[PDB]
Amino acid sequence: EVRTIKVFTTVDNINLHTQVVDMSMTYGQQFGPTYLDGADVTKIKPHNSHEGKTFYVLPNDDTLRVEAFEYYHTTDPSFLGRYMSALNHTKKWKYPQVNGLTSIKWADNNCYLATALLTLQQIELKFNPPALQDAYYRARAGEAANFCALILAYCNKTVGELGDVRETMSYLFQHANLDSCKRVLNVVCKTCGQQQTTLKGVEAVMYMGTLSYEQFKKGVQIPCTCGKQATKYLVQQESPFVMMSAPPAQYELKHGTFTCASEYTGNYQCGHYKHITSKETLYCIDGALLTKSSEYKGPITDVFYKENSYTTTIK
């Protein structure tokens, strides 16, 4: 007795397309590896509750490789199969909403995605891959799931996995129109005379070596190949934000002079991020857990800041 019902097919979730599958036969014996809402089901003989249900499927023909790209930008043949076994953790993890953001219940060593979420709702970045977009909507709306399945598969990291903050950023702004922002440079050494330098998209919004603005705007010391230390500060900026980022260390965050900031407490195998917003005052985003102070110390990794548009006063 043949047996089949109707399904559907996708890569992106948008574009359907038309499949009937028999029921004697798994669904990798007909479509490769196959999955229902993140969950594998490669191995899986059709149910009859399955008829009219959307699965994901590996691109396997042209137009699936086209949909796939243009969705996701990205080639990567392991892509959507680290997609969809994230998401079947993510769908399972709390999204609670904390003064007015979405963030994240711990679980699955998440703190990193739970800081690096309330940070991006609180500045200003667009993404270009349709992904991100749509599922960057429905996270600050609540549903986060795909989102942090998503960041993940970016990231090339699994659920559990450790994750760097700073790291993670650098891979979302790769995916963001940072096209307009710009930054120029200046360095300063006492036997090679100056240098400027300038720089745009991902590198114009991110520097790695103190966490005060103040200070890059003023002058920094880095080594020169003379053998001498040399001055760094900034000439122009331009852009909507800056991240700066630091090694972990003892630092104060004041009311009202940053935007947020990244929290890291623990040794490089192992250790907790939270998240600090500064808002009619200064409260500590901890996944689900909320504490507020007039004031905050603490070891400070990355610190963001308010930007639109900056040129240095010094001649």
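Residue numbers count along the first chain shown, from 1. Compared with the form deposited in another entry:
Rigid-part membership between these two forms: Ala153 and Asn48 are split apart, as judged by which of the two superpositions better fits each C-alpha.
Just the form deposited in one PDB entry so far, so send over the form deposited in another entry.
What comes next is one chain alone, with no partners or other molecules.
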């Protein structure tokens, strides 16, 4: 009456669950969306050659949901489906080594993912979700399909959409161990006094308004509550890097003064990101393309700087 084979199911490829499957029913009828080595097998019926194989499935019971939470650090039931949807594309991208870093050859507007991937290889950062940490290690080795698809899933973006580097880094930093990061700022306004503020976590390493770390330390002009202009400056910084962002204009990059940067060109609604890194000179990594130059000048949107512990000497 009923013929069967034994297979394994998983949501993390670490915990394997024995399943006896009915060979007269499809995998989708029995498990829902089912993948065998990234290949969609939802519509097909079990075959004798499938016996003993491991199948990815979505978390549709309590055991699988706990494992998904522990591996991906998410409770969104749609997360693994969106990751698999993205992976179907990113598994076809090429991930060349460029200047010793894993880049991504351009496809489907993935330029923002390349400069994000390149940036992460240059700043000291640990990822909390085991899925992210594992996929980052594979990406550093040149096999970044899983990492890229995770990024898309964590940001709730799909292949082809315009990505923003600042927004993307912000999502990823929420899943990094940045709790020990600290920033202390002071704002000063004639006729209003002084006031200080302490930031922690992601907010302690990201700033929007100037690309220059030294300018942030010397003071930036900001509108006050009264309506006149005031001066905000960085008092103390505890973090392994800082990210400085600004609306793009024409910014000059010089060797040895920064770690890496991102540039935005083309049509503003559907444009193009490049990566600039400081090595023994400046390299512009443009997906698979590489140029070298003494200096660089353009519509820079984000600059990353190394840091450890900073304390101001101004009063």
